[PDB]
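As a plain string of letters, each chain reads:
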Amino acid sequence: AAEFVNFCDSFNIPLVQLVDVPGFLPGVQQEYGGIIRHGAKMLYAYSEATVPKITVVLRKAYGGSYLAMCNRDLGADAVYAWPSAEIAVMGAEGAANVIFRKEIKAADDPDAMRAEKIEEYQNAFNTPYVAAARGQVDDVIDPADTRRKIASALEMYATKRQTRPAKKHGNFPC
Amino acid sequence: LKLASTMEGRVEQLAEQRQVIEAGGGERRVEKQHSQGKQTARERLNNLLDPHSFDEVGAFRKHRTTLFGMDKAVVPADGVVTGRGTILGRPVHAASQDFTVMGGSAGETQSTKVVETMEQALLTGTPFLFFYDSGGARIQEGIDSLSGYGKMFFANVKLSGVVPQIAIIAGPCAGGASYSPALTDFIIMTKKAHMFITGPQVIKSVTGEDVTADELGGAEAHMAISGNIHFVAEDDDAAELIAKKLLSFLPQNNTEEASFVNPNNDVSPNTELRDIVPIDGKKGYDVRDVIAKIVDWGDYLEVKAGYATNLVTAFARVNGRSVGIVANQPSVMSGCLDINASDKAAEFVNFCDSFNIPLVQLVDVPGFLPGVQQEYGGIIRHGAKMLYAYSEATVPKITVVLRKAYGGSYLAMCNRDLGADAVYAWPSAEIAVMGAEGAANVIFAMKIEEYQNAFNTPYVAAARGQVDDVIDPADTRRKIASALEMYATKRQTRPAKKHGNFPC
Amino acid sequence: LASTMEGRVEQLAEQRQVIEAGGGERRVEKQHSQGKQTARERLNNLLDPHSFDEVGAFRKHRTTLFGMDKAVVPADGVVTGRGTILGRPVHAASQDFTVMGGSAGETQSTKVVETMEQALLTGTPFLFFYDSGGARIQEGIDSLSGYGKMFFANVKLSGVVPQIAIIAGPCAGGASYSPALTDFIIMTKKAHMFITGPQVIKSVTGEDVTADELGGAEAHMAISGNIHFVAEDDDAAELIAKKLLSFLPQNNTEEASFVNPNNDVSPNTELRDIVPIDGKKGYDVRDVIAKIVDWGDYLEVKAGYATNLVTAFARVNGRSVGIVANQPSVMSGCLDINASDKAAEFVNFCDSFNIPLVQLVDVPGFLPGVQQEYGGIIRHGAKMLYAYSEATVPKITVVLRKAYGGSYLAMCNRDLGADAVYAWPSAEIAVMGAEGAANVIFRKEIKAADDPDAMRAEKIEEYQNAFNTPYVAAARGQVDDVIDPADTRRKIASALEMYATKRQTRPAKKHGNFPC
Amino acid sequence: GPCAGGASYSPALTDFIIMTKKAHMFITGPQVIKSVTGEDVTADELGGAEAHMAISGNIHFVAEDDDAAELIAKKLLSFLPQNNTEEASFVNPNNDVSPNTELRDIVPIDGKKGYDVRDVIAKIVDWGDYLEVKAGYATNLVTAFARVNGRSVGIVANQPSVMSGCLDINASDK
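Chains as they are written, first to last, in full-length UniProt numbering: chain A, 351 to 524; chain B, 7 to 450, 462 to 463, 467 to 524; chain C, 9 to 524; chain D, 177 to 350.
No lab work stands behind these hints, which were simulated from the structure alone.
Cβ atoms here follow ideal geometry from the backbone N, Cα and C, with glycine treated the same way.
One should not assume that every hint holds.
Said to hold, decoys possible - Calculated pairs, PhoX-like style, for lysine-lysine (alpha carbon to alpha carbon, straight line, at most 25 Å):
| no. | chain 1 | residue 1 | chain 2 | residue 2 |
| --- | --- | --- | --- | --- |
| 1 | C | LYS38 | C | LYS197 |
| 2 | D | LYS197 | B | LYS8 |
| 3 | B | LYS157 | A | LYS510 |
| 4 | C | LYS197 | B | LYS157 |
| 5 | B | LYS157 | A | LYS517 |
| 6 | A | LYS410 | B | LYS8 |
To be verified - Not the full set, but computed from the structure, chain C residues with beta-carbon under 7 Å of chain D:
| no. | residue |
| --- | --- |
| 7 | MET229 |
| 8 | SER232 |
| 9 | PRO376 |
| 10 | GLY377 |
| 11 | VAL378 |
| 12 | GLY384 |
| 13 | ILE386 |
| 14 | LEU393 |
| 15 | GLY413 |
| 16 | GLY414 |
| 17 | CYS524 |
Could you put together the complete structure from these sequences and hints?
Here it is as structure tokens:
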């Protein structure tokens, strides 16, 4: 991803992201292989890129892997969420289990409470509407309009002129 | 909070409130932090910065989140202490994550305080240092915590190559939070810290592997295996010392060359250098002994000392000037360059170039590490990083060929074609497109010697202009010193571009 | 939510329709009953059909105190996005008065700033319809910070992309500073604007004033000098916005696209008769303007403010030009504090956006008056000299008649950088009127003359002929040529054509010190 | 001395006008004004230094005479750089930034009570030294040059003791 992003940026080619990522691949070898410095390349490439960057979240958009797919914080000029978009810092189930660990354990009926808290977390953070509420996405869109949304964003950002701090070059992760 | 009734009373109330904020998560949690051999967030800043230089921003800054108990949670400084101070009189900006406050979780506002501090560093052209100590995202804040990380990552990249960024991992650094340190220039990790993208729980649940936090991402793991960090520190005290030593070699920002420090202007011959490199190619040595006799006071700060030890990268000084030394380590894997060493060198070269630090190469490389996994691991694209970094670099590049300099690995060590400004060959230098045998073997009882003398002697390299001179090893320091003096005014023009295509 | 994508898509349409309904049926009917369009109708009418691409319809405030935690505030009261106007990409914002009175929510201001930043980033104009009862008190300092961010953004965009403010409802308190920081304010007769309202003013000063008298469109136009166009209603404001925009480039890197050029520059002998030879007689300088600009078309700026000076956008051979002309039919064409501001602002704006400046000069001096001195005519008139001196666009000056002292310099003569200066045969460039001059320099001679009256007339005529004819101005090089009024359009057109490739630079500086 | 008519515009275009009490300035003089408007005003009431300072807002310093004007010019110049490429040279730096508890008492807790903001300024600037600009115009706002650790700084401060510290048209220009 990083090499492609860097190249496109070098030659003024806009970048369009289609996101459906559940996170980074769990594995001792991913960690020992330096996923930290390798994954950082995507964050660096997108953060450094100044060509128009358009992102469409199709479905899953979890943690750092969603940031790596260039969200607004990484400079995406336009971000759209399909109704199935699930941008989240963590799944509702896992989040509810931790947040309400105590409440659930001590509850007379854990199952009812847990499911209760999960749906609560789910609706509080992980729907397209919350991502839109926070401005993380420009709009929640009908999947059928995706081409138009991207096309319109590309047309408006065809005149994008973005400044970067002066430097010989940043320090691209190795 | 209701304001007091008198100004003196409000001043007392202010001091009381500030003491509360400064208490972080409380005596118990602070004692817990201490019992773990860790300093608190504020102690770290106090030990890192010059006495009383810490000017804090946002002590009273508070999260704005309200869901899932945040509305009633008291979270001092939102878990991060940020501000400006000086290190040896040099202005710097810093952040120090407070694990005692909600486990140092990345609150939205917390990340915002950090980004703001970073923007300040960028705005004023000063270094930025960050002590990381966090249990991860603040799940209670959902996507707000997530967005905070994004803003921080973008900021790390914005400051990249503009002002030095040093990360100090002194506790947990769980999850994507780790990408921030990855985006800074140097990570100093203590033996009490751990870092990873996916933790043991998820790794166990998903892959069935049950490993500990330390085995997965302890300091030793990141240094030797992962290649993620640049220094391992015994504890916070040592990390702070390293941070200061490291910073001493760096300029405040990319518009300056680092200030000279305790220059040793003596460049007289040192015959000791003639004896470190064995005339017998089969015998190795510690290239750092060569470095030690070349640099001022024999002082150097080795970067990534425990990673890809077949290649040494270290900051040192010549006549007080910071320089970056890249040297093949013949005592490890025969000094062969490999995937990991290529990354180690490239990152160092790129960084030095970004901050106007001249690069000094000590060459003794037989070639790249032969191996199927090296090819399958992409030695082609990884090794290309060295060629790219050096070819792209415009700082003075001084290369001394100590012994072996074979094929592509020699080019990767920055010869004149890659822009080295001065290249010197020791009497033991063996610059070859290929070794005497194998070359004659391929070209042709009967020829190896004929080939060896016709191409691989220091004098042939000199005859072709590939080295400027063949030198008495004892004069290495003076030749490097003189070259650095002359090229201190080097102004090399490069084609305009947003950036080149650095190999991944 | 729904189980199928189709279901979720219908759910999305339903929720969007709810957001678009704003404050609801009754509040919308109330808005309409007040002769006002809704926030969404305004964008739908300003922008090319269906071109509006909305950002943040689902954006929500994050504030929770004092009811905000439960309040449903659609789009946080501002509709923002991009669209096109005659195919030109533009960014726009439209405050929704039906949503919490269009109060300036923190998130609302952020949405506006974000849109402004997009306009800056893409180099497109930014238009904003204001309709707000004020700060969102429930959000306290968060609403306050929102305003600061907006003001900083208006300044950031200033001189980079044109900013057009359309006040189409209330715009109370400090909120008014945003429009003040844009380039042009078009205010409808339904709107009101002021820093301090009638209530506070009464409580504090005892002064009795209605909202309409204090901050209605007419008061701002004619008295305060705060706005550029008065619109009958939203439909008219929308037409004005488009008309104004048609003269402007997308940003400061371009010159405005030519529109419907009339390339004919035939003489028009009627021009010889508009300006009376009799200096004590006036005329409407717009009659001169009408005969020299393409199709007689011009859009006067601040038409109802300081009418002693006319500033208007027009075209010559299709090219946008800014015309600055003294109005002899008003206050004898004297410049004064207000006209100085009116002129300087227009000159400064045209310069920022590469619009040539054409001056039609007939000025006898500055308005005499103790309040003109006390009001600081020195520092205000200096604004014209500064704006013209700093300006680098082509500056073409035609001296129709009087051009006295500093007022003439303020109308951009050659010394202030005019690239071409033409004098009609009636031009009277003088450091001082002949009568005043002769009475001063020949005071002793006239007084000691046998016939002081004949002597004065003789000296006045001598001074007049020695310095104040267009031939002496031409003799000294102050004008390029003395021209037949009938050829004015061609002369101006030709000068604009030759100076179309003018490249002029200024000394490096953050900025000069523009007079306050 | 006199500075009659359009000549006044040159001083208006400079940065600071120091006007002696022996000088007069105006675009139109009392004569012409009397003729055209019938208004009665003396040269001194119309364009003397105090009128320009307090009414018109045209000048920055009122000087008793030439010796005083010369001292003010030197004092003013001492805070300024030679040109826009430099920061003014430091002058007699006072590096003591020890706390001064008196500052806790200058501003009344009672919002209805005013004070002279310059008492606050005097305690925070080097040696209590400051050169007030337009000292007699829009006194509801103070603008003064001073130094902190020898560095020239411009201080803008509301003056609660004048019109409750409200900003107004004139103070905004000032």
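Quick rundown of the hints versus the structure:
For the proposed pair C:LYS38 and C:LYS197, the alpha carbon gap of about 17 Å is at most 25 Å, so the pair holds. For the given pair, D:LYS197 sits about 53 Å from B:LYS8 by alpha-carbon distance, which is inconsistent with the 25 Å threshold. Simply put, B:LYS157 and A:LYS510 have alpha-carbon atoms about 21 Å apart, close enough for the 25 Å limit, and the pair holds. At roughly 44 Å between alpha-carbon atoms, C:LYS197 and B:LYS157 are farther apart than 25 Å, so this suggested pair is violated.
Between B:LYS157 and A:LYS517 the CA atoms are separated by roughly 20 Å; this keeps the pair inside 25 Å, and the hint holds. Among the hinted pairs, A:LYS410 with B:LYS8 is inconsistent with the structure: their alpha-carbon atoms are about 45 Å apart, more than 25 Å. Taken as an interface hint, C:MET229 does not check out: its beta carbon lies about 18 Å from the nearest beta carbon of chain D, beyond 7 Å. Evaluation of the C:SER232 hint against chain D yields a violated restraint, the C-beta minimum of about 11 Å exceeding 7 Å.
A cut of 7 Å between beta carbons decides the hint on C:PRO376: the least distance to chain D is about 4 Å, and the hint holds. Here the hint on C:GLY377 is kept, as its CB sits about 5 Å from the closest CB of chain D, short of 7 Å. Taken as an interface hint, C:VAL378 checks out: its beta carbon lies about 5 Å from the nearest beta carbon of chain D, inside 7 Å. Hint status for C:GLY384: holds, given a least beta-carbon distance of 4 Å to chain D, under 7 Å.
Interface hint status for C:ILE386: upheld, as the beta-carbon distance to the closest one in chain D is roughly 5 Å, under 7 Å. Hint status for C:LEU393: holds, given a least beta-carbon distance of 6 Å to chain D, under 7 Å. Given hint, C:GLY413 at the interface with chain D, holds; its Cβ is 5 Å from that chain's nearest Cβ, closer than 7 Å. Given hint, C:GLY414 at the interface with chain D, holds; its Cβ is 3 Å from that chain's nearest Cβ, closer than 7 Å.
Interface restraint check: C:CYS524 against chain D, minimum CB-CB distance 4 Å, threshold 7 Å, status holds.
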